[PDB]
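Before any questions on binding or motion, here is one chain by itself as structure tokens, the form deposited without its partner chain.
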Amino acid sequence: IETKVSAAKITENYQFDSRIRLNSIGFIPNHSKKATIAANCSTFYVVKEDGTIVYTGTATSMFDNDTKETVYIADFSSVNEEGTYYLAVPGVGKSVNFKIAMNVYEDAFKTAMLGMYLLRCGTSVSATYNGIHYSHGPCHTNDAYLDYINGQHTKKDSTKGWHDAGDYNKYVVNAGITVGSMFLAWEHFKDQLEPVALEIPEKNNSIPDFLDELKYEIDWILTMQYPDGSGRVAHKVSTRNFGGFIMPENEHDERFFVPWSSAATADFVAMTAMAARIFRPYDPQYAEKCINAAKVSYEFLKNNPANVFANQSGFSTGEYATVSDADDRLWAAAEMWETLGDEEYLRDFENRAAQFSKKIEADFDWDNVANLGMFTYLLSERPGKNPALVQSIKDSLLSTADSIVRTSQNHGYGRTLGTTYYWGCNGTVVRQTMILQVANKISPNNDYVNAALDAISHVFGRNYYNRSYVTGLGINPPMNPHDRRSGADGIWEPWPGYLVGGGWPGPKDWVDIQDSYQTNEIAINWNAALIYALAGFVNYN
């Protein structure tokens, strides 16, 4: 007997069907919620796990130019009541269960941060995730020799930091966009991130956990300044060739400092200038050490304007040879100015900024970090900015954010990067949230926040594969990443919390096999983009 308050309940029993693709983690109340159904259909129900039909709708068809298929879009954004639901599509089947909650992304954020902790070098790491224990002993404790720097086969401490990707070498240019992304997440969402506790050794000190993780990397970056006091910064610490699939503590080859590059030197300045202002409130002494190092390398750069590529002929590991250091130098000037305030730094930034035709780029990564410099300058509360330059950057930013909104709204799976695929493009999909969040800070628009959620949803299930691209999370995540710890331990499931690079050159080119470093590797710059994307939705209201 049904009363006047009994709610409608699903009649038939549905089976999971891979053609119903959506964010496998969940949605936030008051934001878009969409699913892409790769099957002909019309009616769909959003059902609570108890069988209660909460919403009935009809899917609308749309041609996915990317995969060249007609797909059906189920929009259930109106459902805003917290709970666990699933999508039931008569004739197709049902989706995985997902949650609608204000804090739906917090575990994902903590897991992506756990990913960074597990990438630590020079120390033993240990974590239990979903009941499986991941750990490894102290590794690369003898970094690194000066042979290629000065000639002496002597050791200068260069331990700590994070292994870069599937390999264990540490590269400065890639640490640039990584550290920059994560420090910008802290500056943009400080109030949301400060109280977050992570599973790290430093959980019991006086520094916000998010910053302890970044400190592990900055501690390493500081050791990269040449020992001659010239201010030049070594490009990377690396073995001569890529080692094999072994645990890091078993890699005994000697690691060397590789000759400097101007880009690495400019990135060093930007990273340590940011660290100086961000750590000052917590460890003033550490901040002083950072700003002094930044000043030495900046003086060098100021006197040697040429773009210089690192001499790394004897090495066969990652190159990270950014074609230009103009963007890196622009970023360094913006960070020195924001931290210090001197007119000298502001003048340097503005002179370089004017030389950029398009102030903001929708597609950016380790090679083009100008956006980071534009972001710091644009949001700075310091006086003195040339109002014409500000308006120029602002227009470019909003114009770019609008383009990304239009792209995701017209993509059959809400992909912000549209039809563009290339090595590491999954990282860029979520890195685009930086543009959207900054645009939202300058000119509030919920289209910007929803597009950011589209980028996040794309990576967690609303994609052609109906798979999460992050190990240990969501639906059918990567099982075989090109990752040495994963390929060499005795555990079935790979190490958790990593966004894989992604397929290319096409939408269906991702392959989840260990040999595919082209589409299935992990990397700090990809995880940093994911961390920034999720950060804005931690302790969110």
Given for the second form:
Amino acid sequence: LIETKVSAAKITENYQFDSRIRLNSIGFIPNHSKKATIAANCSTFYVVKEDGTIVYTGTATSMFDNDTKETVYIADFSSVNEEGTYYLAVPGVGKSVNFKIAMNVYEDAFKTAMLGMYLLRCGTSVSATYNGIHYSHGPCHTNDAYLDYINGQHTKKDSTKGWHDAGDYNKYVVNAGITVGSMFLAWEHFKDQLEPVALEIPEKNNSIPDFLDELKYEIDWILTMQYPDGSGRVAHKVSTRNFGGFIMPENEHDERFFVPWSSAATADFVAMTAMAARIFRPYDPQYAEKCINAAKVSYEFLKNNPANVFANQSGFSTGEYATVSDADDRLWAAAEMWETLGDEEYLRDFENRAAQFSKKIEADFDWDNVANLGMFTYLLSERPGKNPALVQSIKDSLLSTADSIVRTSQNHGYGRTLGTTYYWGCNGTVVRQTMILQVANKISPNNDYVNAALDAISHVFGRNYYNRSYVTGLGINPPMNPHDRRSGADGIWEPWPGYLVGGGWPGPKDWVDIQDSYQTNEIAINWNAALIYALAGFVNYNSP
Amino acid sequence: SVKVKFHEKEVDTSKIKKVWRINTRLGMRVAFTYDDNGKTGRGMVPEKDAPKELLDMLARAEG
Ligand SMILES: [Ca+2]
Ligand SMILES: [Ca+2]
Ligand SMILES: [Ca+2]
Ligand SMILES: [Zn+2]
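Okay, that was the form deposited without its partner chain. Show me the form solved in complex with its partner chain next.
After this comes the whole thing, all chains and molecules, with the earlier chain placed first.
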């Protein structure tokens, strides 16, 4: 007959932070999943406003984390959707850090990851103030680069600009491939979300969307990598002979050289410049024309020279990025040529190559294996003419793969989309999986896909064994000691901000936040690009 | 069994537990875990640089 609700209760303020309560230290989005992992016996938990008011009472459920071989307790507070600042209080354990629930919760993190790219620029001075700390360096590598290894002549050809790759300052075409392709696909996949975004970059007042300004800085370097002979072959990297010391980049005066071509670098150049051509055309159509003409020169080379060719890196001991095969790279090039230009020849090249992939979509992918990028662009194209059976084969594999990633994250004690798989750079892959999930969601809308993408993000922001953000400058107890030369050489205690560290391996507890650990604690453009894609989907996003 | 030199440390192959192949940003490497006074260490060497004995362990692990 009669129902009236009990008064809201407030918490006693004796709750202390406990490192066993592991959650996304940035926060959550209304109408999406919200979970914490509690590595301690518990039952009841409360979600508490910053003022002490209890808004939710739940029961944590036990789960075995096969990765760390521990029983953990999962607190699901997904039903809390009101925007605000909260913490989780776990009687008998303690409390979590404070977190936010907001539709725009990830926008600052997106902007900071973008700042990391800005701060990796080569050939120019860079300067930014981040949380009151001034990070800067003077113009570096302004004498890029010499041709001695290309044609024997000690001739300089401009190869400035672009991004420093990692914790070293050298610039590698093959790693640029996945980086630029993943960032360009963030642009295409989330264009209405990213087009209005203003960034803290020097290009903030020109007529180009700021996300694309950052990418142009890299394409400007990429464009310099074709051989001067006009063959269309693409130099593998611009590099010093050996890895330099932990010095600021403007203090590195050793000569830098173009390194002999690879077929994969050539294919990656085609894909990047073909994408650049269609993406830049509305804003800098002269540059777009330059990009497509360059793409065509190199694609003609690849058509006439089908063999896989590894770069001759004799004389160098810096990064190799020697992808084992160019078949994926050539598939991606054909897809992008087709998407930009539409010619039947490109479509036929792509479809013939795609048919030779037994598994059309791979869950675990990175610079060495870029075929997913082509599959995504082909599947999502609005162009007519696609073979229906190939389309269906790619769709089936995409959805099967996405469903498997959801199953992995759902059955992992920390929602890790990559499961028990650890290797050098795996943190990058955790977030790169959001590409498969978001593309799956475009083809077959499914909340599980979007929530799994948020599980990948949550994992790198503190819902993990270590209870730490893996991104410099963000979240709970971020990495302080990346293998990063600017960080090591400047006079600042905190490292340069916005970088996703590579991750521990072979095991789930093997990450070490120490500068000597290039194996686990470096930074990289391909890792940031994956994080950028992951966060991009949640910029100017409304989940109602 | 022979000594594996890696960046400069030396590990007898008799101490190596798991061996596997990885294409890293630095090039193709043979990675491995090993016994270090009762802890488990991790190391890696260029594939082109690995002794026959380590490459045999890799082949077995891969078969
Ligand atoms: Ca702009
Ligand atoms: Ca490849
Ligand atoms: Ca520092
Ligand atoms: Zn530089």
